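Undergrad: Residue strings, one per chain:
2 protein chains.
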Amino acid sequence: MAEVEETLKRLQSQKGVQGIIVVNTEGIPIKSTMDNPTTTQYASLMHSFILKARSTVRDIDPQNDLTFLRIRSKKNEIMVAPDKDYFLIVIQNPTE
Amino acid sequence: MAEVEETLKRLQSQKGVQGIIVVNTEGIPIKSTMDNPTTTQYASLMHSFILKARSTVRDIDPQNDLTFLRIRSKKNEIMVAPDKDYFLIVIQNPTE
Numbered sequence: 001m002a003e004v005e006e007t008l009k010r011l012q013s014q015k016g017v018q019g020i021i022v023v024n025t026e027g028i029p030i031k032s033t034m035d036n037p038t039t040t041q042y043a044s045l046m047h048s049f050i051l052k053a054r055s056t057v058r059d060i061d062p063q064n065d066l067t068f069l070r071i072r073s074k075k076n077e078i079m080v081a082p083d084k085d086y087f088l089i090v091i092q093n094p095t096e
Numbered sequence: 001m002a003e004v005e006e007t008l009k010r011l012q013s014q015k016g017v018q019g020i021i022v023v024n025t026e027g028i029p030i031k032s033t034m035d036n037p038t039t040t041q042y043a044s045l046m047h048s049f050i051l052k053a054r055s056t057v058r059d060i061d062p063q064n065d066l067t068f069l070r071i072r073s074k075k076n077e078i079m080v081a082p083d084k085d086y087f088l089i090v091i092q093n094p095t096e
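Top line first, the protein sequences correspond to chains A and B.
If you're matching positions, the first sequence starts at 1 in PDB author numbering and goes up one per residue.
If you're matching positions, the second sequence starts at 1 in PDB author numbering and goes up one per residue.
Keep in mind that a hint or two might mislead.
Unchecked claim - Label-pair ranges, simulated between beta-carbon atoms:
1) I28(A) - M1(B): 41 to 49 Å
2) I60(B) - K15(A): 17 to 25 Å
3) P94(A) - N93(B): 18 to 26 Å
4) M1(A) - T40(B): 38 to 46 Å
5) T40(B) - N24(A): 38 to 46 Å
6) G16(B) - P37(A): 34 to 42 Å
7) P62(B) - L51(A): 20 to 28 Å
8) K84(B) - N36(A): 33 to 41 Å
Claimed, not checked - Which residues of chain B face chain A? A few of them, derived with a C-beta cut under 7 Å, are:
9) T56
10) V57
11) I71
To be clear, the hints were calculated from the coordinates, so they are not data collected in a lab.
For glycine and all other residues, C-beta sits at the position ideal for the given N, C-alpha and C.
Work the whole structure out from these sequences, hints included.
TA: In structure tokens:
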């Protein structure tokens with residue numbers, strides 16, 4: 001999980017990134033670099049969302065496996081990155 | 001496609017960025033800063049992949065609609081950004 005701690009501390013430096021979440025395969029968020037429940041919410045949602053992608057990638061091309069994601073929105077933005085058996089989250093704010 | 005030409009020329013500066021593609025709302029890739037058909041592929045698939053998200057953002061919160069996208073596969077990462085009615089496309093490689 002340290003390698004992820006490196007894929008995390010990196011966003012930590014980015015601008016706007018206020019917190020990050022690190023869940024495992026079971027679907028339970030192991031670490032939570034945010035208020036307290038923010039990890040619990042993104043762990044029950046961002047968990048299934050990133051999953052709908054890791055699979056689609058194969059449909060369009062089983063050779064281009066997935067490795068990291070990034071979705072921008074209005075209220076803010078969210079960086080992601082599923083490691084070997086875990087996945088990360090990055091709630092960062094735009095224009096800060 | 002001017003304001004977009006600004007959301008584009010920006011990536012143009014990025015490094016790994018090798019090309020870009022512009023589409024509208026009908027799904028037709030208006031412009032194409034890449035191969036001849038490479039745009040047709042990123043213009044017919046990037047439209048359905050970004051929809052799976054634009055719908056999720058609403059689920060978690062219909063008040064926080066989406067705004068832009070960005071994914072990272074094994075070869076490189078495809079950046080995107082659907083404006084009022086024109087979405088853009090990007091193909092820049094990671095590992096700066």
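Undergrad: Compare the structure with each hint and give your call.
TA: Evaluated hints:
With their beta carbons about 45 Å apart, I28(A) and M1(B) fall inside the hinted range of 41 to 49 Å. Between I60(B) and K15(A) the CB atoms are about 23 Å apart, so this pair conforms to the stated range of 17 to 25 Å. With their beta carbons about 24 Å apart, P94(A) and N93(B) fall inside the hinted range of 18 to 26 Å. Distance hint check: the CB atoms of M1(A) and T40(B) are about 41 Å apart, consistent with the given range 38 to 46 Å.
Restraint check, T40(B) to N24(A): a C-beta distance of roughly 39 Å satisfies the suggested window 38 to 46 Å. Range check, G16(B) to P37(A): Cβ separation about 37 Å, and the 34 to 42 Å hint holds. About 22 Å separates the C-beta atoms of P62(B) and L51(A), a value consistent with the hinted range of 20 to 28 Å. As the Cβ distance of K84(B) to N36(A) is approximately 38 Å, the hint placing it in 33 to 41 Å holds.
Because the smallest distance between the Cβ of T56(B) and any Cβ of chain A comes to about 5 Å, under 7 Å, the interface hint for this residue holds. The beta carbon of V57(B) comes within 5 Å of a beta carbon in chain A, closer than 7 Å, and the hint placing it at the interface holds. Because the smallest distance between the Cβ of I71(B) and any Cβ of chain A comes to about 6 Å, under 7 Å, the interface hint for this residue holds.
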